[PDB]
Amino acid sequence: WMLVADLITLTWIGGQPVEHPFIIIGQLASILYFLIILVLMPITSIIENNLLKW
Amino acid sequence: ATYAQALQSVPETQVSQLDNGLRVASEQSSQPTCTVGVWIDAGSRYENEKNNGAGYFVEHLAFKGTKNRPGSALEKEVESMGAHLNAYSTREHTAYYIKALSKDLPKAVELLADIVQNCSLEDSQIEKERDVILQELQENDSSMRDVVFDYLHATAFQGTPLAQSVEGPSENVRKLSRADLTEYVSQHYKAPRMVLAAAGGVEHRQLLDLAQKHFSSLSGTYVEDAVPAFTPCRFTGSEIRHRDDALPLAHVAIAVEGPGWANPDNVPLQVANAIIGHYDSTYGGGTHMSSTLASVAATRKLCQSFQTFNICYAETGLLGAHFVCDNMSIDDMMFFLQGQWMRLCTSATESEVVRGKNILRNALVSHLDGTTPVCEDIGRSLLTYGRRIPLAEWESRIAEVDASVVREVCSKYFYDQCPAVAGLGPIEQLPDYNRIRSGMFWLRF
Amino acid sequence: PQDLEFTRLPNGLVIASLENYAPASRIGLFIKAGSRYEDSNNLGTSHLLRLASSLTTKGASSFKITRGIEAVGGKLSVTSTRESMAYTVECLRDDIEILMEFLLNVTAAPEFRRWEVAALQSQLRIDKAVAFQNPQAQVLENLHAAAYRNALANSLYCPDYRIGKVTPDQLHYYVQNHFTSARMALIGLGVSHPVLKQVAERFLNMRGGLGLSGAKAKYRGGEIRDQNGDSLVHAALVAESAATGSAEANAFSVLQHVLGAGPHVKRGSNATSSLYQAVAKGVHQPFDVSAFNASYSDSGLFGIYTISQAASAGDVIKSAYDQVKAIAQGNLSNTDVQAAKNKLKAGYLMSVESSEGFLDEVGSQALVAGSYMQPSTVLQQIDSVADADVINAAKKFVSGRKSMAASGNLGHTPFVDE
Amino acid sequence: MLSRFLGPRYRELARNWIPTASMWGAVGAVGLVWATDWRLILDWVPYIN
Amino acid sequence: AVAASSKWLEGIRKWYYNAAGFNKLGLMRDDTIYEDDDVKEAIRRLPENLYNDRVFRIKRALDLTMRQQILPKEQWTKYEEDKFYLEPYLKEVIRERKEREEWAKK
Amino acid sequence: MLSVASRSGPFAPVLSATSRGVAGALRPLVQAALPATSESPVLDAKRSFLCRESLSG
Amino acid sequence: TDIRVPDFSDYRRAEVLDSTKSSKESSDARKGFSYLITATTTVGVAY
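As they're listed, the protein sequences go chains V, S, Y, X, E, H and U.
Each residue of the first sequence is one higher than the one before, starting from 326 at the first, in full-length UniProt numbering.
Each residue of the second sequence is one higher than the one before, starting from 36 at the first, in full-length UniProt numbering.
Each residue of the third sequence is one higher than the one before, starting from 35 at the first, in full-length UniProt numbering.
Each residue of the fourth sequence is one higher than the one before, starting from 1 at the first, in full-length UniProt numbering.
Each residue of the fifth sequence is one higher than the one before, starting from 6 at the first, in full-length UniProt numbering.
Each residue of the sixth sequence is one higher than the one before, starting from 1 at the first, in full-length UniProt numbering.
Each residue of the seventh sequence is one higher than the one before, starting from 81 at the first, in full-length UniProt numbering.
FYI, nobody ran anything at the bench for these hints, they're computed from the structure.
Careful: at least some of the hints might be erroneous.
Dumping the calculated DSSO-like pairs for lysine-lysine here, alpha-carbon to alpha-carbon at most 30 Å [as the list claims (entries may be wrong)]:
#, chain 1, residue 1, chain 2, residue 2
1, S, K138, Y, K352
2, Y, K352, S, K111
3, Y, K92, V, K378
4, Y, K250, S, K163
5, V, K378, E, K64
6, Y, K300, S, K210
7, Y, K98, E, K111
8, Y, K315, Y, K429
9, Y, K98, E, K64
10, Y, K92, E, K45
11, E, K45, E, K111
12, S, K111, Y, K109
13, E, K88, Y, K109
14, S, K336, H, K46
15, E, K83, E, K64
16, Y, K352, S, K163
17, H, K46, Y, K98
18, E, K111, V, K378
19, Y, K92, E, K96
20, Y, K98, E, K110
21, Y, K300, S, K102
22, Y, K98, S, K111
23, Y, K300, H, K46
24, Y, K199, E, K96
25, Y, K300, S, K138
26, E, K88, V, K378
27, V, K378, E, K103
28, S, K85, U, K101
29, Y, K379, S, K142
30, E, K103, Y, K98
31, E, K88, Y, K92
Okay, chain V solo, but in the shape it has when bound:
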């Protein structure tokens, strides 16, 4: 649900003009879309594997 809220942010930013608050927000949200799928999701499944004693 953090990934769904990240795609709502990019839909709002993409209809805004290219100004001061909508460049630092629109480029950090572009980073977090790739950080969740590639890095954060495989590490969190391994942490949940250790907590269930397998």
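Using the hints provided, position chains S, Y, X, E, H and U relative to the given structure of chain V.
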């Protein structure tokens, strides 16, 4: 104490020769029994279409009485000392041999010389050996493996003497006279074409003087003595299909043309066939076996058995495989077998070649166990190589085979070549010859 | 040279080794087990045990046993009689130490896992149907059931109702009670005697003595007839004779070769076989006839075996039985006795030529008698058999109670009381 | 954990297959310019102009 | 493998067992595993009484999810009563796969 | 003293790991084969009888 | 054994009618001929 040191302490073979050209060979091994016999260059490839059942007819009359010991008197003498008589006939060789006690050696050599020189082909034993041979032919038709290898020779060597069968057709058996058998012995049972071999508790000096006492009256050179002409035989890619749906299983044999006896390519081609292997449904190994075709057929229950062969003649041969399966499995067995031939022409690894070399070393020493297989190896190596190749020489040829040698020799004999196919039984799912011929080359390499 | 080195261990194990200088080696373990030691509740356990030598053990998995033996080109085989089982390993001289380790895991620490034993039950049906394509095999299993009430009447193959129901607990119980060190012998053929001994001190932690006494076999004079659709009639007719390792057993071995025990010449007419000549006087059709001899540790069987056509089967059995009656009333020449001693002497020396026959011969002597005897001693015991003892062994057959088994079209085959 | 490439026997994986491919990384510089209507290798030789 | 956090890290394990909710459907931990090829070989090797227990527990949980309901709280699977019935059979299947893979490269 | 194969007639089965199953010693005893028409039938679970056990190498 | 292949001489190529050899040799010739007759077709359908 070492396998290398044990190959040095094997006793050697001593060869001699008489004035007529007869060779005499022995191996002494310090045991109270022995095996002595006579090996002849004769067979069905020396017969034409008029006398194709001549050499197999003569092997039947060989123990039925000679001039000195008529009728059953030969059989009473062999049995009363506890000895055994045996014989066989292939397409190129003929043998008679005796297993006896090593102190009965002078009597054993005397009986063998009377069998091959003075055998009576009496006209009442003929016309009663015809019906025995005619009934034996009907018994051979129930053996599916013997029928399908006769089909493979008849289609690979179509218009040559090498396509004939050993037994000969049934119309020849009905008409072979006494005159045709006496011409067969005079033309073929000749002393430079014969070998007297012995293994066991034998001294070579004793066998040589027994050979001079009983065999010296053999004709050395002949009347007009023309050189025995050797017509070679060519290979033809072809197929023969015998469809019979009432039989429960199907037999299929396929081969390409292989090398002759004295070709040095024979040793790495036997390392290669030992990687494919053999399988049978009574094996305990099953799905864990090293051979890929054996492990697949055990997991999916594809066949009853398969085997690979290496048949050699003087100038040519057959190199292939034979399998038995049900009517729904022929297309899958042919697909996996042809994929293993192409995977040795390319891609053959060093770890497969180490296993295949260990199999061939074990099969060579396991054959030479007992006086009868040692004596047969002496008698047919002198007709084939002109000498006995010792076990230390076989090991140095095996040790120089590696993975790149196997890839070169398999590509030479298998890759993009026309095979010969034979099939018998419920064979509607045996693939078309165009689809079989396309299986001998790849898309990539 | 170096004839044999024979040794008893303090736990009862027999070790024998002969040092060849042959490139191959052979190791065999011989056990007093087999079908005579099972009872009516576990029939067929020793047939499944014979088929289970590749399964997972405690020291090696089933993958490593198949791959590890095939990597050096070796073999592993099991052979069984009613009284013994034998585990054999062969390879080249430099590979023998790692195949000796596989042989000790199979026989001294097996696991019988549930899913592996359950997958092997269908192999019992394949193995029995292959063996029963020979008509001799089922006739000889019916003959032991007709002759005994117990303990030699059990078949070498599993009964049909029992296929699918041999359990892992039965296999564990059979090995625990019958694979013990005082019932075992270890025979080597290309290995030195110190190497086999420290091999042997790696299976003595369990299996310390004798496990279970078997029941003594009791003779039954029965008869089993099996009508089917075969083209020829197979029949056998026996009586009780003598146990192995006695002076009367040697007289029955000579009597077998007087009568006829197989052919010597290829496609010969069997001129010295007195059984074959007496049948062929009145019968002018295809047949075969032989003398049968089976010797065990506490009993034995001796008789005749005929193969004939259906309409001629009564004539073949009656003329074969009449020839044995002539020997029992004194008609016996010393020329025929001396010719029979030559076939028995030469056949024993020829059966010990190969490595396979020599290793089996040392293994049977170690379990039955617990010693080794040179073949010069065996050849003098055959020489001491007199003409009066051959006539007296044919009188024990003629006056003894008979057993019979037949198969084929039995419309002209006589009953055992007729 | 794709260590099936890392083995001491299948190093000859790539030694029986690359002698096929001695030109096969440059067949686009031999074969595609047959249809591109460019001059990639058309200056290399006086074969073609 | 820390002795100072022996009880603290067992508190996070017991918390995660209740936050996950297969125990509310009456399931054990080995009921919820994803069935790849090694898991499907371990199910085939189970004894007949443990196989039949697993099949009924899964069917009862699929029927509860169809109705969007859970079990009464006295019928939930306890944390220190969950039996890892599949774990000895699965460790042996994987060890056999890794043995056939070292052999294929050596 | 001796084996059951020396005093020939009682039979024995074998199982191998890489070879075929064999039954008995004197069960195919011969000169029933020189008398005419002894046919070994076609089988449904058929086996190889020479079974590599006498191969030349 | 009464079964033999019927004669194929009025279908054979010229190099394999001698019936004595040309088993292994003159085999690269007769299939290298019938591979050229198809290899022109692919460059004939390339263009």
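Taking the hints in turn, this is what the structure says about them:
With a C-alpha separation of about 41 Å, the suggested pairing of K138 of chain S with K352 of chain Y is violated against the 30 Å cut-off. Under the criterion of a C-alpha separation no larger than 30 Å, the hint pairing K352 of chain Y with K111 of chain S is consistent with the structure, at around 26 Å. Of the supplied pair hints, the one linking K92 of chain Y and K378 of chain V holds, its CA atoms being roughly 28 Å apart against a limit of 30 Å. Note on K250 of chain Y and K163 of chain S: the hinted pairing is violated, with a Cα-Cα distance of about 54 Å set against a maximum of 30 Å.
Of the pairs offered as hints, the one joining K378 of chain V and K64 of chain E holds, with about 25 Å between alpha carbons and a cut-off of 30 Å not exceeded. With a C-alpha separation of about 25 Å, the suggested pair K300 of chain Y and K210 of chain S falls inside the 30 Å cut-off, and the hint holds. Our distance criterion of 30 Å between C-alpha atoms is met by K98 of chain Y and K111 of chain E, whose separation comes to about 13 Å. Between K315 of chain Y and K429 of chain Y the alpha-carbon distance is near 24 Å, which keeps this suggested pair within the 30 Å criterion.
Between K98 of chain Y and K64 of chain E the alpha-carbon distance is near 40 Å, which puts this suggested pair outside the 30 Å criterion. About 25 Å separates the Cα atoms of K92 of chain Y and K45 of chain E, which keeps this hinted pair within 30 Å; it holds. Of the supplied pair hints, the one linking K45 of chain E and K111 of chain E holds, its CA atoms being roughly 28 Å apart against a limit of 30 Å. About 41 Å separates the Cα atoms of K111 of chain S and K109 of chain Y, which puts this hinted pair outside 30 Å; it is violated.
Straight-line distance between C-alpha atoms of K88 of chain E and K109 of chain Y comes to about 44 Å, which puts the hinted pair past the 30 Å bound. A threshold of 30 Å between alpha carbons decides the hint, and for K336 of chain S with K46 of chain H the separation of about 14 Å falls inside it, so the pair holds. Under the criterion of a C-alpha separation no larger than 30 Å, the hint pairing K83 of chain E with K64 of chain E is consistent with the structure, at around 20 Å. A distance of roughly 29 Å separates the Cα atoms of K352 of chain Y and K163 of chain S; the hinted pair therefore holds under the 30 Å criterion.
For the suggested pair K46 of chain H and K98 of chain Y, the alpha carbons sit about 29 Å apart, so the restraint of at most 30 Å is met. Taking the CA atoms of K111 of chain E and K378 of chain V, the gap is near 33 Å; set against the 30 Å cutoff, the hint is violated. The straight-line distance between the Cα atoms of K92 of chain Y and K96 of chain E is roughly 16 Å, inside the 30 Å bound, and the hint therefore holds. Restraint check: the Cα-Cα separation between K98 of chain Y and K110 of chain E comes to about 15 Å, which is no more than 30 Å; the hinted pair holds.
A distance of roughly 20 Å separates the Cα atoms of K300 of chain Y and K102 of chain S; the hinted pair therefore holds under the 30 Å criterion. A distance of roughly 55 Å separates the Cα atoms of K98 of chain Y and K111 of chain S; the hinted pair therefore is violated under the 30 Å criterion. Taken as a hint, the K300 of chain Y and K46 of chain H pair is honoured in the structure, with Cα atoms around 27 Å apart against an allowance of 30 Å. Between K199 of chain Y and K96 of chain E the alpha-carbon distance is near 29 Å, which keeps this suggested pair within the 30 Å criterion.
Between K300 of chain Y and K138 of chain S the CA atoms are separated by roughly 23 Å; this keeps the pair inside 30 Å, and the hint holds. The straight-line distance between the Cα atoms of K88 of chain E and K378 of chain V is roughly 12 Å, inside the 30 Å bound, and the hint therefore holds. About 22 Å separates the Cα atoms of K378 of chain V and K103 of chain E, which keeps this hinted pair within 30 Å; it holds. Restraint check for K85 of chain S and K101 of chain U: satisfied, since their Cα atoms lie roughly 23 Å apart, inside the 30 Å limit.
About 18 Å separates the Cα atoms of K379 of chain Y and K142 of chain S, which keeps this hinted pair within 30 Å; it holds. A C-alpha spacing of about 12 Å is found between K103 of chain E and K98 of chain Y, which places the hinted pair at or below 30 Å, so the restraint holds. A distance of roughly 27 Å separates the Cα atoms of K88 of chain E and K92 of chain Y; the hinted pair therefore holds under the 30 Å criterion.
The structure fails hints 1, 4, 9, 12, 13, 18, 22 (numbered hints given earlier, in ascending order).
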